[PDB]
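One chain is shown next in structure tokens, namely the form solved in complex with the ligand.
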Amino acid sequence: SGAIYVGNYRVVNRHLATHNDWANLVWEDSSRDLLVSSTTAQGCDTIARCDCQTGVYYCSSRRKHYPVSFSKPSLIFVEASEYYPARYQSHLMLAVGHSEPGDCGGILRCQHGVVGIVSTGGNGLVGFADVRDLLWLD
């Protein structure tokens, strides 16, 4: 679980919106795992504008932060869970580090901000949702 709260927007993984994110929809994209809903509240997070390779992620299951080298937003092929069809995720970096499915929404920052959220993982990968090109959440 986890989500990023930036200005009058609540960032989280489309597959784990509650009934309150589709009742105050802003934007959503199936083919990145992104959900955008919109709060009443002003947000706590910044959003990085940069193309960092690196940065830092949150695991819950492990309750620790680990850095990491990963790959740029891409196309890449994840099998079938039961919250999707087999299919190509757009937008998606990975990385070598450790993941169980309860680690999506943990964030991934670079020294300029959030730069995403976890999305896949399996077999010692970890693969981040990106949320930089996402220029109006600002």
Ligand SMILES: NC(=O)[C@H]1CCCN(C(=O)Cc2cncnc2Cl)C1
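Each form is matched to the other, and the largest set of C-alpha atoms that superpose within 1.5 Å is called the rigid core. Residue numbers count along the first chain shown, from 1. First, how it differs from the form solved without the ligand.
- The one residue among 96, 86, 41, 75 whose Cα position changes by 2 Å or more between these two forms, with the core held fixed by superposition, is 86.
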Contents of the next structure:
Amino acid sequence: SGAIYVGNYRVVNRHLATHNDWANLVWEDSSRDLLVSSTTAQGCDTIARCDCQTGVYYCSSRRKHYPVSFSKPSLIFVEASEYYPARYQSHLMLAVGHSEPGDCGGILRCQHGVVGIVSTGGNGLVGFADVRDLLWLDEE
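For the form solved without the ligand instead of the form solved in complex with the ligand, what are the coordinates?
We keep it simple here and write out only the one chain, dropping partners and molecules.
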């Protein structure tokens, strides 16, 4: 589990979104496994605005933050998981590392802020849903 809290936005994995998230929906995209809902309270996370390919992610299933290199956001074929069939997922970045279903929502961060959240895992790879192209999170 996990979210990003920026301004009056909450960013979560679409497959973990709550009723309150859908009841306060701003934007959602199945292909990216992302959903954004509106918040009453201001959040304090900063979204990275950059093309970094190195950062650190949180892996809840190891209680550890791991430094990783990660690929550029792309359309990646993902094997079936407990929460999606095998499919193409867009705006996804891969690293070599551990990721189980419960790790979804863990933050990937670089020097500029939050890059994205864990979304995929298996075959010794971790996949992160990028948020750096969602420039509207910074405003309004």
